[PDB]
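A lone chain, given as structure tokens: the form deposited without this ligand.
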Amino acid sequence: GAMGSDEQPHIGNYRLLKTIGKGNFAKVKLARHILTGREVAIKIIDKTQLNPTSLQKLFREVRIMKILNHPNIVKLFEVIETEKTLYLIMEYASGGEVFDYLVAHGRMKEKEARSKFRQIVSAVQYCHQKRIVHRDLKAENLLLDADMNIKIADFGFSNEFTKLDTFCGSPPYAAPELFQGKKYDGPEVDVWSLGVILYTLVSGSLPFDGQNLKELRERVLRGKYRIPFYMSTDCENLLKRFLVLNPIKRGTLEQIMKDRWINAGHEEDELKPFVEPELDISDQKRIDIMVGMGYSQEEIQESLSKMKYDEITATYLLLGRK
């Protein structure tokens, strides 16, 4: 309700700073957590505009979001739900989109590229192991935070909840089996997209481009791409593992993590499937601070163990980093 003399609007314990994404059934605002100081990105979804089927799908998606806990996937911090609106307090990536960065600053050096691709392959692999496939990757799915770390956004989140824009991003990342008419589900598809993502990181360009769809299709179906003169032969070899026309001949991410290029300069640190560490819900330094914010220990233990995504849990998580 109005909070502070002459300040910005608030939802829940969050100060709303500025709209940083508009479009369709959803807005996104930058916000600051009053209790804690952290900045967050808050999804605002108009429930009003949604039918009961959408509504139910949305909630199950929000449930998936809760399960995703990876250093490179944007984390969910809190759900505030009103009568007309749904507020998803997400982790904030100020860096922008990866591909945008690439256009602005040119290609990445293979070392820089490797560091990011490791994170991307780790993140997308973690999602596959949980049987979450996206099958629709666009530039808009890969973000950078203020620390130039990869944050994957909206993975497993359907497009209804992010307007006539649905097909802008997809074709350059779509796998050839879409244009052939063979089945277009399965992690195989995502793998195709990841190879494309690799290419843009090290070349600063799309491996398959086109002035129109006809032209993009032609190239994608044919699967041929410049190996720019600067591209190390190991990088060329990695690409061969991702961009194979026949989907069953593509490498799984689990195998690909063993590749010579992905592991270069990481002798003792071979990339592996990510093992989710048990969330410590007993950090007493953190609990004491919240006691100080006027929350009872009884109530903290409860929201934490229950793992409800309310203001208590959020504060804890945000206290943080994260």
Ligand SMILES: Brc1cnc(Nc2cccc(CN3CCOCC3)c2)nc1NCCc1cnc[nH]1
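Positions refer to the first chain, counted from 1. Under this definition, the rigid core comprises the largest set of C-alpha atoms superposing within 1.5 Å between the forms. Compared with the form solved in complex with this ligand:
Core-based superposition between the two forms leaves all of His128, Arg107, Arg118, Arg219 but one with CA shifts under 2 Å; the exception is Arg219.
After superposition on the rigid core, the Cα of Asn24 moves by 2 Å or more between the two forms.
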Given for the second form:
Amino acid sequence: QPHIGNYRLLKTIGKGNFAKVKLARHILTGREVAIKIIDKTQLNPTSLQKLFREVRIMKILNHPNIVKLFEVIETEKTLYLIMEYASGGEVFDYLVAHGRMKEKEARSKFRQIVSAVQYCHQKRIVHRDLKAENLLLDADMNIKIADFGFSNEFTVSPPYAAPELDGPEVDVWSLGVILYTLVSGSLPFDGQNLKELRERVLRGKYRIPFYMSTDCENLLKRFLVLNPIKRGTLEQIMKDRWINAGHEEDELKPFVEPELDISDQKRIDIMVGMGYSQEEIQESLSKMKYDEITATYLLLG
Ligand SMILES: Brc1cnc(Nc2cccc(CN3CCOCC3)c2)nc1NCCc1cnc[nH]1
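Provide the structure of the form solved in complex with this ligand, given the form deposited without this ligand shown above.
After this comes the whole thing, all chains and molecules, with the earlier chain placed first.
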């Protein structure tokens, strides 16, 4: 029965470069979580300084459609990042299995995605690698984007990459690719090999099928521009007609984090029952430490 801290490990769900992701169950609350495991003996002191800077950024991202950090466990040899588990898997695999989303469903998911990316851009964080593997779905079909703020070597894509491949314009291109997959069920640029795929991206031409509206085609043009300076801004794309159809009283606007309630006495009483003292509870919550206590508090809610 392998444990990591207060977590029971169940199975691997992702791997790449220097990272591995496992599904686990929190022993104290029974809640499923995803645990990214990074072997620090696999890194140079430059890479470790990088990892720490990027963990710090992860701690400032608090958005309902961004995979949330619950707890950090660090030993001499390993860094464990305990984060939200998205039981639905990749959006891309859901589209392959079930075909395009109709524009209503696609609009609802794309509003979540634009909100998450704009919220990060507002904090001067660019993803740089939005792709199939990090657009995930939770049990209620809400989007959860993984790996914001993380360099590639700590994560587990030619079809999504802007032609000029570090600023937000790079994400805006990817968002256009993503939008096209949601409404069509297919990628806008493909090829028989990577050389042909690259050539199609640089040509910038993609097919508008019979079922896609003018308003949807017009929206795509704000993202999928070869010149990065002529790409729309996310604060600008937020006012687009397609984006807000059926949201006439509810225009998409930059997300504002809620105030964190760290004073829920029911959850604090539960955690005293678990064996934590009132004083370590109060300190961990007030300092927002991403430790075994703050994780339990969040998982209790
Ligand atoms: Br962080 C993180 C948080 N949530 C997820 N959920 C996830 C990913 C892939 C598949 C599934 C669902 N299947 C079926 C049920 O049995 C579990 C596996 C859920 N993945 C996270 N990272 C890994 C990202 C990833 C992308 N392609 C593979 N892995």
